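The form deposited in one PDB entry is given below as one chain in structure tokens.
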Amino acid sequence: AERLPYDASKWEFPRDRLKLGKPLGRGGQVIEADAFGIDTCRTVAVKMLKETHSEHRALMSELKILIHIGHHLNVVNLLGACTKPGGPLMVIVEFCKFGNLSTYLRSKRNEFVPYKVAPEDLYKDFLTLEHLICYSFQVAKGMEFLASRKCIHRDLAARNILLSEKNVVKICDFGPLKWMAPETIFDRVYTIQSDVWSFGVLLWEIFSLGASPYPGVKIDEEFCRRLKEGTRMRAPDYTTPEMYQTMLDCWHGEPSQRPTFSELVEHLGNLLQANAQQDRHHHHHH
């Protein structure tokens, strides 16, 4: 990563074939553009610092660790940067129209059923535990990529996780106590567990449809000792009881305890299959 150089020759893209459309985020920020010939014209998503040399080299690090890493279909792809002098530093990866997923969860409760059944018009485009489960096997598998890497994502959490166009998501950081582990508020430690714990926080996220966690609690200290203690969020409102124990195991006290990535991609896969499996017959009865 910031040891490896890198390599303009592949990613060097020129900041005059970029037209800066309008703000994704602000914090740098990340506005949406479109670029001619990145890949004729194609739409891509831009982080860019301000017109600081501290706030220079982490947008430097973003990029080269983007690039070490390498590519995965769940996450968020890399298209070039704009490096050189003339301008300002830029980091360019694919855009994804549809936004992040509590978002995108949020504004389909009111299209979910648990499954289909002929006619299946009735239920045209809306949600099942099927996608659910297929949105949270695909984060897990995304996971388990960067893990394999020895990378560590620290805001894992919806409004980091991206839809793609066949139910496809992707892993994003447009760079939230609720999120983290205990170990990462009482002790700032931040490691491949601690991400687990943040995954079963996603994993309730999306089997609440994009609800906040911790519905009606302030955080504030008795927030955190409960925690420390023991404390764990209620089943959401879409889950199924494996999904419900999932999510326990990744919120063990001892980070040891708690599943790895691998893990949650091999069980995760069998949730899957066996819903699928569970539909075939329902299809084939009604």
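The term rigid core refers to the maximal set of C-alpha atoms that superpose within 1.5 Å between the two forms. Numbering follows the first chain given and starts at 1. Compared with the form deposited in another entry:
Annotation for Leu18: C-alpha shift of 2 angstroms or more between these two forms, rigid core superposed.
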The other form holds:
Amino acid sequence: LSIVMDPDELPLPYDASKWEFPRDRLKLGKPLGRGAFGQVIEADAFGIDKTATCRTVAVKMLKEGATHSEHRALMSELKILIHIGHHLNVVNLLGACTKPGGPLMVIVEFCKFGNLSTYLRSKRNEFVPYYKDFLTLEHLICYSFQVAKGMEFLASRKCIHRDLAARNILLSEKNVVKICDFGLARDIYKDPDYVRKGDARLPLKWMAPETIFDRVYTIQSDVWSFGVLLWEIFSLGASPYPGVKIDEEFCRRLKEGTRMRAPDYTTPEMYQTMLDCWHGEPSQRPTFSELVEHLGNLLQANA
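Given the form deposited in one PDB entry above, I would also like to look at the protein as it appears in the form deposited in another entry.
For this one, just the chain is written down, with no partner chains and no other molecules.
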């Protein structure tokens, strides 16, 4: 799984009174995403936060063929979920069924519109830079800004997202977007955004260079990812580096300071933003804390 704590800053038990939730107050439904051993299922959960009100949630759980190895992975996600705590632009934990005699289940915010990529890619027809339902440039700046913030909070809690992409970002009601980690519920052996490298399969289009050549994950080799994330947005859900075969070659030109062109809906400011994020030197490219403001700036400038 992908959202983990920053190793740049290592080196507390589970609070059941605050988190544990009755498997008999939880009603399972359709799968939203299946991966290999994991799956996110849509659920209805009674009085999980408002006494006596039902509530549509998303429950993370194992599926068939998982081993205790997975189960421990899922015990981990809950743990860091509890760590990071509530922010609005990230997915939040609602509660957990960690009782014996039952499947481990982590319950998290449901997002009615799913991941951003597939959402924008569907909105290509209904867009305009400046009529209800339609996407505008105001929205696009806004989403970007929300993720920066989300990424910032995600930093403040000493975490890193080792797979930051528009496909791991969800849209819910009222134009809120939340950073998430599909974790086990994403199969990388079946998603082409993930390239085989040995038996490791990596989101290479998103991965910053230092991460690729060496394997240095940092809040900053994330900004790069976020630069790429910005592209996906102002292309309305287009996959990065079109046509370009991702190979020993690709990686080369990348550190020759070679970047993608501009996406179809980008503004000039946005594109240059994307270009900072894609600095060779991981230090030169801004902090998410700094992107939060520029985008805040840009969002005011778009009326």
